[PDB]
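Protein chains: 2
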Amino acid sequence: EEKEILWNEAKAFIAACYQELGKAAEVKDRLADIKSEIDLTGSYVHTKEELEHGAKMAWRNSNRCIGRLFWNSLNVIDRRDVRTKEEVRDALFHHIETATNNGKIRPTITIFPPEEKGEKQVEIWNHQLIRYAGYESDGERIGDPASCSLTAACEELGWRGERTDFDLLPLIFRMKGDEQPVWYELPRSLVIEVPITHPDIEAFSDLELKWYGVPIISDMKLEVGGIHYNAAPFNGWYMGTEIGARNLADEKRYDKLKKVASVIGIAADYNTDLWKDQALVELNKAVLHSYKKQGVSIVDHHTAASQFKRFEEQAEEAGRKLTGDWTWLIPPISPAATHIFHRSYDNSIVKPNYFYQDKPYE
Amino acid sequence: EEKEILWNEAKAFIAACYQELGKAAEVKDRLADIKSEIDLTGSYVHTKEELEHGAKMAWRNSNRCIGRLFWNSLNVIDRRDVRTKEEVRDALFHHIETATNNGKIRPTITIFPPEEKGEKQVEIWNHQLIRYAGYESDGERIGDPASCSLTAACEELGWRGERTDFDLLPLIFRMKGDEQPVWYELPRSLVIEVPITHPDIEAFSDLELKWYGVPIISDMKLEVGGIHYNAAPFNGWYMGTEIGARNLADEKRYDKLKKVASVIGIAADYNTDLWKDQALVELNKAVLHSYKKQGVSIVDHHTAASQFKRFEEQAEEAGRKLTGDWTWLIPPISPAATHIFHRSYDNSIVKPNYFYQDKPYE
Ligand code: HEM
Ligand code: HEM
Ligand SMILES: Nc1ccc2ccc(CCNCCc3cccc(F)c3)cc2n1
Ligand SMILES: Nc1ccc2ccc(CCNCCc3cccc(F)c3)cc2n1
Ligand SMILES: Nc1ccc2ccc(CCNCCc3cccc(F)c3)cc2n1
Ligand SMILES: Nc1ccc2ccc(CCNCCc3cccc(F)c3)cc2n1
Ligand SMILES: [Cl-]
Ligand SMILES: [Cl-]
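In order, the protein sequences belong to chains A and A'. A prime marks a further copy of an entry chain.
Numbered continuously in the entry's author numbering, the first sequence closes out at residue 363.
Numbered continuously in the entry's author numbering, the second sequence closes out at residue 363.
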């Protein structure tokens with residue numbers, strides 16, 4: 002019965018994958034092999050080629066992602082061989098180093114052993130591999146509010162943050178068999194951070210803002226042909242608005258707009274002055290400038306949408322249906338200046354894909 | 002059968018309307034009267050109270066409208082008595098004058114006789130009562146591109162535009178029985194326009210931009226209890242982004258961002274400079290400033306969203322379900338600075354409401 006769902010998904014993925022790889026003649030035999038592997042074992046194991054192409058398809062099918070033009074150049078690291086927490090740790094350290102690539106960010110995914118019985122082999126607690134802690138007590142807010150629950154769970158495990166606004170959370174994950182996760186402090190040498198300065202407002206550095214170089218999302222499940230890779234961290238480079246319009250701007254995040262308005266020398270008193278809008282534009286300019294100045298990859302939302310238009314065109318040329326989530330594809334600043342805003346998208350879910358899964362804490 | 006749809010809609014509207022008006026005891030008799038009016042006549046006629054409250058409900062149910070807090074103060078003009086094109090014309094002139102109110106804009110709707118057999122009594126061709134013409138020929142673009150087809154239809158009827166970028170289209174409508182619409186030039190004394198200047202960039206006036214004071218949407222059908230008022234022009238005041246982020250900004254409209262960038266003294270060469278975003282903010286500041294300076298009502302998108310939050314709260318307090326279209330409710334600049342962006346809305350259609358209908362030209 003679960004053998005059935007698995008087999009069905011397998012037939013559909015293998016057929017599609019092999020067509021795309023020009024290997025359509027090998028399908029029958031491969032499905033035969035898989036069919037008996039499922040009977041005898043309960044599961045099946047992807048070839049390296051299948052796993053690589055599956056991860057790329059999953060990115061291509063991610064409706065909410067504007068960065069999909071580059072789906073076929075995803076760097077896929079196969080870590081299905083790991084068995085120990087030291088190996089997991091070192092694989093995560095390695096992912097950080099190789100994805101960072103001295104600033105010339107490589108889109109990368111590291112794939113850990115998949116769920117067996119729905120039983121996880123490796124369970125990653127981090128939302129992203131590099132992320133700042135958050136604290137709230139006594140009406141005192143420090144750091145990133147979105148990290149409050151994970152921060153508190155880490156401090157239950159004997160970690161202690163310095164309570165700066167930018168404490169790096171340790172890696173935290175649990176191995177099958179263990180009742181508790183282990184945690185490891187990130188080596189600072191591995192983590193590139195970018196101080197935020199503005200191209201012509203010198204006082205902007207007074208805000209002492211920074212952000213980390215590489216977003217490495219580590220809590221989503223990659224699903225490929227019925228196999229559930231719950232631990233499969235991946236990264237791209239940032240689109241600047243993620244940092245300047247949301248992480249640093251949102252009232253429930255770092256909430257910096259009023260401070261930005263002050264350092265750029267504008268009043269923050271009247272809605273009709275559009276001071277929040279002006280502050281947003283200057284903060285977003287500063288973020289792009291700062292990343293570029295430091296030699297860390299980043300994309301602005303106009304260039305990103307132009308790339309996404311090419312992705313739409315490429316999909317059409319290939320005979321593939323395009324799917325998308327308009328509400329996530331439009332950027333949070335000047336959305337109507339992009340073509341995305343002016344068209345609609347079919348939000349159907351196609352697999353392989355990346356999926357949310359329940360947090361193991363909270 | 003059509004008598005059936007009508008009766009059903011009637012039962013539902015009358016029940017709801019009278020509950021809201023504290024008149025629940027009068028429903029049975031009123032429905033009885035309506036029931037036989039439908040049998041004998043094929044239709045029924047709203048009382049003035051029903052028509053007024055119905056128009057207000059229709060605004061309250063308009064999913065795409067951020068301005069709904071003020072639904073209950075809609076000024077409803079009952080023009081079901083009109084029979085001639087001179088009366089229609091004068092009613093439209095009157096709507097302009099009274100809605101404008103010397104700049105202190107009154108949200109108003111003028112309701113004309115409804116469809117009878119699905120046969121229109123009055124068919125308005127204008128999209129808005131005040132709107133600029135558009136021309137395209139020989140790769141020459143003049144005025145508002147969105148008005149190109151209506152402009153060409155008017156010029157088929159013997160009207161001729163001066164081919165400025167801001168020619169006012171004449172009122173154009175057709176009476177039942179007539180094969181062609183008639184058109185009437187707007188009296189310039191009735192039409193307030195606002196020149197666009199910037200609060201501190203003096204050269205902004207070099208763009209010679211302007212826009213009209215009052216958006217009076219004249220091509221939607223108001224539906225109330227099964228009765229179809231295809232001709233029922235209404236207006237609010239503008240939210241500034243409608244003008245500065247869309248009408249003046251869109252590449253398929255006045256396409257002014259590159260000219261804005263030049264007059265504000267910034268380069269328009271690199272996406273990463275976010276020059277379009279900065280241009281958008283300055284243009285939008287200029288629009289709000291200009292309207293305010295001239296004493297014409299307008300709302301900025303932050304204040305508008307704050308009002309809409311109060312509308313959500315009021316709906317909850319009243320026990321009414323809230324409906325909305327997130328994709329139209331978010332403003333086209335700094336949307337993530339509004340609460341709207343951070344929640345979802347049920348996009349169900351509730352009646353009474355306003356609906357699209359097919360254009361009578363093109
Ligand atoms: C190469 C640079 C990349 C850029 C610039 C980019 C850009 C973005 C942006 C802006 C979002 C929306 C985020 C938000 O609003 O919070 C997003 C969502 C997403 N991206 Fe990409 N992305 C890139 C690479 C990748 C890669 C390599 C993958 C996976 C292999 C991926 C998968 C996704 C997924 C799954 C989401 C949706 C996450 C969710 O629903 O919470 N992206 N991307
Ligand atoms: C009082 C000031 C008002 C403001 C500031 C306001 C604001 C807006 C805005 C910004 C939109 C979106 C327009 C677009 O993106 O093109 C909108 C849509 C709409 N508004 Fe309002 N509005 C107001 C009054 C009214 C009134 C009086 C009515 C009717 C009685 C109305 C009915 C609607 C409808 C039906 C739509 C959707 C139109 C469509 O689907 O094309 N609004 N409103
Ligand atoms: N630039 C990129 C590349 C890949 C991405 C993949 C996923 C995401 C979305 C991450 N945010 C999900 C929603 C969320 C979750 C947890 C905390 C938050 F503040 C927000 C952003 C990405 N950005
Ligand atoms: N003229 C306008 C004004 C406001 C607009 C606001 C948004 C849009 C986007 C059109 N894309 C719609 C996405 C969508 C809409 C409705 C249902 C969906 F599932 C998805 C177009 C607009 N055009
Ligand atoms: N401020 C207001 C008040 C009422 C409104 C009622 C309706 C509308 C939407 C009008 N635009 C509809 C889409 C459209 C149609 C025709 C030409 C266009 F450029 C765009 C805007 C409103 N704005
Ligand atoms: N953390 C983030 C990042 C991007 C976002 C982008 C958009 C939103 C809006 C949530 N509202 C969704 C509206 C919607 C979504 C999906 C289907 C619908 F019918 C309507 C929240 C976001 N949160
Ligand atoms: Cl992020
Ligand atoms: Cl308009």
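FYI, nobody ran anything at the bench for these hints, they're computed from the structure.
Do not rely on the hints blindly, as some may be mistaken.
When chains are identical, the list treats them as one kind, so a pair holds in a single copy or across two.
List time: in silico DSSO-like cross-link candidates among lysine-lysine, alpha-carbon distance up to 27 Å [to be verified]: (1) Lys257 x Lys4; (2) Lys253 x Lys310; (3) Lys177 x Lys322; (4) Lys322 x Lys4; (5) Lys4 x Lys29; (6) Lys257 x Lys222; (7) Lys360 x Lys259; (8) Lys293 x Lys259; (9) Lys257 x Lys24; (10) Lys293 x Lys177.
Here's how the hints hold up against the structure:
no.: 1; hint: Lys257 x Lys4; verdict: neither (52 Å within a copy, 60 Å between copies)
no.: 2; hint: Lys253 x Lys310; verdict: between (32 Å within a copy, 17 Å between copies)
no.: 3; hint: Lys177 x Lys322; verdict: neither (39 Å within a copy, 46 Å between copies)
no.: 4; hint: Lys322 x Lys4; verdict: neither (29 Å within a copy, 44 Å between copies)
no.: 5; hint: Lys4 x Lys29; verdict: within (19 Å within a copy, 61 Å between copies)
no.: 6; hint: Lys257 x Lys222; verdict: neither (32 Å within a copy, 45 Å between copies)
no.: 7; hint: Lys360 x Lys259; verdict: neither (33 Å within a copy, 47 Å between copies)
no.: 8; hint: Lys293 x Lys259; verdict: both (25 Å within a copy, 24 Å between copies)
no.: 9; hint: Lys257 x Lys24; verdict: neither (53 Å within a copy, 52 Å between copies)
no.: 10; hint: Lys293 x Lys177; verdict: neither (42 Å within a copy, 65 Å between copies)
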